[PDB]
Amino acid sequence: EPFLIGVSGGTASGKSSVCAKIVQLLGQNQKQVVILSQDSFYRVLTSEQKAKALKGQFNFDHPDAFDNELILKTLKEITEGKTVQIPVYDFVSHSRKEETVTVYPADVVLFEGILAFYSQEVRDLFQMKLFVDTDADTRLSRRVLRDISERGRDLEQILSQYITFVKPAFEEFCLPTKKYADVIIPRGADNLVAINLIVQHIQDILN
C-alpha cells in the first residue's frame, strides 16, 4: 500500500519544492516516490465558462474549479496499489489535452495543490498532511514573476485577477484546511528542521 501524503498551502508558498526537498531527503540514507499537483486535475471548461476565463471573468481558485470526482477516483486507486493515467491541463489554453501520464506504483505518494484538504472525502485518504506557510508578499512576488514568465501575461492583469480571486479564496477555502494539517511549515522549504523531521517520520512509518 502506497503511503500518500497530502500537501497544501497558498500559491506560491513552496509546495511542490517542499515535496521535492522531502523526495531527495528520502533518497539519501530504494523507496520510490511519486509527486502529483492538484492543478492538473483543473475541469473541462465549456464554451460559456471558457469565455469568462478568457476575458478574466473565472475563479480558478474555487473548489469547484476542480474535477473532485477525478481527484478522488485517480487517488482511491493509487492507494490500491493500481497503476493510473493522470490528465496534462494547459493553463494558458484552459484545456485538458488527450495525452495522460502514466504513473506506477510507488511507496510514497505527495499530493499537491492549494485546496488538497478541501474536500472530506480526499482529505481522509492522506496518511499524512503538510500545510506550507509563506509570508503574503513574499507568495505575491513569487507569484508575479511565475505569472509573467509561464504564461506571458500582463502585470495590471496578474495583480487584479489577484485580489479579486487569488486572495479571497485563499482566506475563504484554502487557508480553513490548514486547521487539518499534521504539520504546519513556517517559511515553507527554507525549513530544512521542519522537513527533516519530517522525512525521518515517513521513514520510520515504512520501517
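Positions refer to the first chain, counted from 1. Throughout, rigid core stands for the largest set of C-alpha atoms superposing within 1.5 Å between the two forms. Compared with the form deposited in another entry:
- A displacement of less than 2 angstroms separates the C-alpha positions of residue 11 between these two forms, with the rigid core held in common.
- The Cα shift for residue 183 between these two forms, taken after rigid core superposition, is smaller than 2 angstroms.
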Contents of the next structure:
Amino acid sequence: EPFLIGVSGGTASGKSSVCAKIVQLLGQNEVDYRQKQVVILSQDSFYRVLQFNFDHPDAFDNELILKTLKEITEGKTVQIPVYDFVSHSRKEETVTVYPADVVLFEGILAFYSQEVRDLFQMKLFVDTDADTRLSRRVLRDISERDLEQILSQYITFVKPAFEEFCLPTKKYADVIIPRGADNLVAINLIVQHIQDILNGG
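Would you mind generating the form deposited in another entry now that we have the form deposited in one PDB entry?
Only a single chain is listed, so you will not see partners or other molecules.
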C-alpha cells in the first residue's frame, strides 16, 4: 500500500523544488533507483502524443496518469515516458520506477481529475502569489525564447488555464504551503511525516 501524495499549484510556485528538497532531505538521492523508497512523478512527463495551449487539461494523457498511478498502488513496476520541454517530443526511452513506499505526484492539474484526486491520501497545494510566480517563470524560461513571447504565452495560455482549471482545485487540498521551497518549516514538516511513514510509527 504505497502512500501517494499529490502536490499541486501554479507554475513556478515551487512544486518541483519542494518535492526535490523532500526527497533530498530523506536521502533518496543517494540510494539506487531500485531501492528508492520515495519517488517523484511529474505531470509534464505525461504529455499527450504530439499557438497551442499546453496548460490545458486536454494536453495531458489523463488515462496514462490514472493507469500508472493505479498500477503504482498495486505494487507493480511502471515505466514513465520522458518529455523535453523545448522540442515537445516524447522520446522512446522510458524511466523505470520500481515499487516505492511514498510517491510524490507534482502537477499544475494534479487535483483536476476526480479519479486522480481520490488516489492521494494527502493532498498538498503550493500557493504562491501570481506575480511572484510570474517573476520566477520569466527568469526560468529565458535561462532554460524571446522575452516578449514568454509574456505573450503566459498571458494568453498559462494565466487563463491556472484560473480556470488549477485555482478551483485548491479547495481539494489538505495542506497549503504558502511560499514553496523557501518554506523550510513546511518542508521539514512533510519530511518528518514521510520519514515517520517509513518507520511505521
